[PDB]
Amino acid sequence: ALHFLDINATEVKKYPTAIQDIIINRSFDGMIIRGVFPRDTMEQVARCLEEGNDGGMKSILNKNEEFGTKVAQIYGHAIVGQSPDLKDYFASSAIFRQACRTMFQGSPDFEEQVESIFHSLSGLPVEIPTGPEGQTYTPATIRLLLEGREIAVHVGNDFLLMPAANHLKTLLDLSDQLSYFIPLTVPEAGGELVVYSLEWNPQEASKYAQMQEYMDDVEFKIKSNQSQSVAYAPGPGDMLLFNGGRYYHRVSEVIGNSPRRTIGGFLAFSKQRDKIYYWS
């Protein structure tokens, strides 16, 4: 039984240590924050991507056609799965920030609005990380889930076991990371975030020679219903902020001809717990 708060965006200042409460005190596990962006803004950014006047976002669309036709497509390289040099990731991330800033037209700016939310919920400065030579990480990527596609079950803290995380681990507290995302467009059915009470467990994972074999077993656990779940279908402009680092989660298959498009990533404390970093 994971515990999520449902508040409005005008209420964030009433929860000034929410992020500390989720990560450090562990007194609840996530929150939905309604209307972080206006619906008009979501519809505007959506039309930019549909029509192709997207500031170049289309140039960093990764269709993932080598992962099968059941996988999400993504604008921008996600850091998960990147090689530890991060060269291609840093390039896509610069393109992403410019395209994103173009599409949002400051009405409101994506980075500014997301940073304001995280600040209100922590009382701390908020920053996008920079690489060892000053390269910018991306604040977010955009996931595009067409009809019949899903995001398979996974857990966020596995990032801390990947070579892509090497540099980020020098800046981070190494406690749980949170997930955050905001729908731009929502599908007619499906496309639901499901979060399970099954937790990240590197101890169990180390008994497997191939992580794929370990995930095949996680899939059996969650499909046996042994684990409790909660499920959410935020609307356009609502933000979902949750302990995806600790808890396995997935997004259910999209149904119908309207794609699910979501913008988001992750956040976590700095080494000394005196700043919020956020990235994708």
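We call the rigid core whatever largest set of C-alpha positions still superposes within 1.5 Å between the two forms. Residue numbers count along the first chain shown, from 1. First, how it differs from the form deposited in another entry.
Candidate set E213, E65, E51, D40; criterion, C-alpha shift of 2 Å or more between the two forms after rigid-core fit; matching residue, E213. The Cα position of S27 differs by less than 2 Å between the two forms after fitting on the rigid core.
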Given for the second form:
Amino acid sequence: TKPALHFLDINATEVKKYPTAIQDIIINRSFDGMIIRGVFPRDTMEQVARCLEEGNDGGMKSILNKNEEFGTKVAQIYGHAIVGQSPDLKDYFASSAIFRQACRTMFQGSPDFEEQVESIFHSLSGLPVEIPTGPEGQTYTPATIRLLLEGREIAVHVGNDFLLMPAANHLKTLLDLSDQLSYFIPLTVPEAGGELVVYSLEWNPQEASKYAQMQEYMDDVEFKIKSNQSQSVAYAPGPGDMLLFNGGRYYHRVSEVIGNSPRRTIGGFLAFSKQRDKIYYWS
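After the form deposited in one PDB entry, can we look at the form deposited in another entry?
Here we give the lone chain, stripped of any partners or molecules.
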């Protein structure tokens, strides 16, 4: 045989059968991700989406970044994502406070967003699960909400590029130097498009160094991901399903949304503490 990408497809009721799934993806590399059906009920997802559409959102609209100047290959985002922020994190910590309050209000404890996701991550690892805190106790955000309208996409990228950004300076003191995972849950799905695609092409600073400009390297990534060479797997999770996968290691993208229903997702990242005795999750 020739090595392939491997993913599980399970129901949320079965997570306790995989008590070392996170270690198996990050450390052992025995598989690459999983889709977990029905982490949240469909009626909870619909309620949250309606809050955002109608504006009774607990203040969430006050931290919507429309990104209007950055082209069609970016989403709009509720909350500041830590990627790209200044290393002091002052703006990020303020938006993170607002995000946690607004999210808890919208979910009405039925079930609570943080409580439910932490339960999943604990069942797949056996470890305690925490949202990190800054050097003076400021909370990170557990998640951000990505909003993709008709004609918009999420350009191909890879998670371990975060380790090369000034915004990661403080988190680097808390995390093990292994792969970060990606997680997300759809609140609303589109008529067509909006598919997550994971490629076998990996993060590779050594290959990037063969190019005088990063924009030349990314032109070659775009060539490679459309060839018969790289493998690819595609998912279109329903509302309330979680996708959990090694986005730190593998290039991935979200295809252009088609139709009049927006794609809305809530999600972030997770990684090991330096002693591999705790899981941290954030966006």
